[PDB]
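Only one protein chain is missing from this complex, and each of the others stays in its spot.
For clarity, chains are labelled A, B and C in written order, and residue numbers in each chain start from 1.
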Amino acid sequence: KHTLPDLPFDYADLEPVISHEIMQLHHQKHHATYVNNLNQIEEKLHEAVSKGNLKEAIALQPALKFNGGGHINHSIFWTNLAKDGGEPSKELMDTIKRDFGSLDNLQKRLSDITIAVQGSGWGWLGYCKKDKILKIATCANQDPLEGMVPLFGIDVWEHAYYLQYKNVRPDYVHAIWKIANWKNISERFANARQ
Amino acid sequence: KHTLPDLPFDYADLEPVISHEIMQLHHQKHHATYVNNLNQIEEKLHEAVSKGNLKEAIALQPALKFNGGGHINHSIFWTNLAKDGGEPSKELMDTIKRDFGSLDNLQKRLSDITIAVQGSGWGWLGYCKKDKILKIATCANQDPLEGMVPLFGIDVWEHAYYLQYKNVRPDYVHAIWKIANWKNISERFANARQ
Amino acid sequence: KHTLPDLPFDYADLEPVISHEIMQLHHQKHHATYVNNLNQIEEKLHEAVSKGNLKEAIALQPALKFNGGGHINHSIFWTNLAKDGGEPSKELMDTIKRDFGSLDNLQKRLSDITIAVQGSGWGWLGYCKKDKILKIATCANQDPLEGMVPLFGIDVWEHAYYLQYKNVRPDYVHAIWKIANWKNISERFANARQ
Partner (left out) sequence: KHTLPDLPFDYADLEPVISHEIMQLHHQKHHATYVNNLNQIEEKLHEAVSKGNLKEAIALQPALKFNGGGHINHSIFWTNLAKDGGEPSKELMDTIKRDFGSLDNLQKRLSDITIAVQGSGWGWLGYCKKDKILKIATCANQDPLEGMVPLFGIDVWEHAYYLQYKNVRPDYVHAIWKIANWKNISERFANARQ
């Protein structure tokens, strides 16, 4: 069955960018809930598809996307954050420069579209293997990033920031770059590019 | 495995309301395609679920809804049409009166929302089991009617009428009532109330 | 220009169901922001429609719905809450009983669909003037309730509850009934029914 992954750091390790209380809730409550609900849904969807219970299989779809996406998104997110993440790899910086001009332009552009999400969602830097270029995108709710390989995600559900930042989502999006785990992001870029 | 159901009548049996050229293409090409694609998609979905490949399983959802819905919707539609439909059962008629005032009012209201569908989709009379009332709704593309039991569907994809009616969708929607299979609709209503 | 309405009570008056800090942020920051953005958008949409700038008018639509809906929804919401709201009017209780069986069934049913909103949104009790019945519905993000007259709304964006309830949205939805302004709700029902 799907399981809640341990964080690769302690709950207070991202302070003062993301508080201990947020990390604890986000991991132990929000991500846990997705995982718990997903396992129930997965089991039902396996049942319905095996039996060709079509109307049921279709009805279960929103819940599998939401909870399964929730598990996917948060699992990537935890690996994408670090107290000391490093800097992009030489290859990744080179590609950032090619596709966005500079790391600064990428940060502004991804920060901007992420800030602009209406309601709950995620911003993503990804790598598109067909056109062989970095792209940025947003996703609603827990919809997983599709059509490109995820490299770095920014969660902008209110629960990702509210206890600390309250309504000031832009400050959280801007500050998250301070704890971007460029080691992990650079590894994901290398793997997407093999 | 899913199969294309035989029509319960011959291809020319609904003339002059729906042409035999339409019925043939609609069943032998359009429905058949949904069935053929459904079987493939269901196989791929069962594999993704068996492998625990969550992203892959989520990515197949639109195709399962579209082709699976296509199969559901058209399967119902063929049973909902007849040269000699009869009239609503007494219990269905009394319920049509309780919930819409008259059959006339129901036909007008459902015809109007069906005609108003933007793009491809369907109009439905359904029965809501929680509130024990008849309701009308539309669905986009091949999305199946959910949240109530389907009783009578009107397909307003352009392939359902264009060869005969061209752009004049309203003439098709108004005419289809003449071949509504009230025997089947009444049986579906009875089943929905069990 | 659209303006932020004053609350009909002081910021701490809904304690212990909704905290002073939440009321203050929700009103002075979140609702204010919708209003400020709406006025900018409204002015641009007036410009584009007057000039027949069609592609621009269409592009502005999501922002008008989001901010304009935000203004609509929160304006109703503040009037819907009270330290001592009273009980439903005789007419409204009678209708609740007819359409839902009891006030308890209505509360459970609306609470349930509201709890189930994926991401950000609202739950609503409304009155449908065509079929002359109470209904319940949900809306995504700030989409306004359409097709029926709003009577009572429950905001389930995370900002509506998080500082106090954290992840436990169900407790907030259940507790909000304690501060439902049945005087206001009963007035809205009478007005919808004239």
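Keep in mind that, in the parts below, a contact is a pair of C-beta atoms (placed from the backbone, for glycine too) under 8 Å apart; a residue touches a chain by one contact, two chains touch by 3 or more.
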Per the touch definition above, residue among C:71, C:74, C:159 or C:166 touching the missing chain: C:71
Hidden partner chain, residues of chain B it touches: 25, 29-30, 33, 62, 66, 118-121, 140-142, 157-159, 162-163, 166-167
Positions on chain C where the hidden chain makes contact: 2, 38, 42, 45-46, 49-50, 52, 54-55, 57-59, 61, 64-65, 68-69, 71-72, 144, 146
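What we mean here is this: only the chains that are shown with their structure count from here on.
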Separation of mean Cα positions, chain C and chain B [Å, integer]: 35
Chain centre separation in whole Å, for chain C relative to chain A (CA means): 30
Distance from chain B to chain A - Cα centre to Cα centre, in angstrom: 39
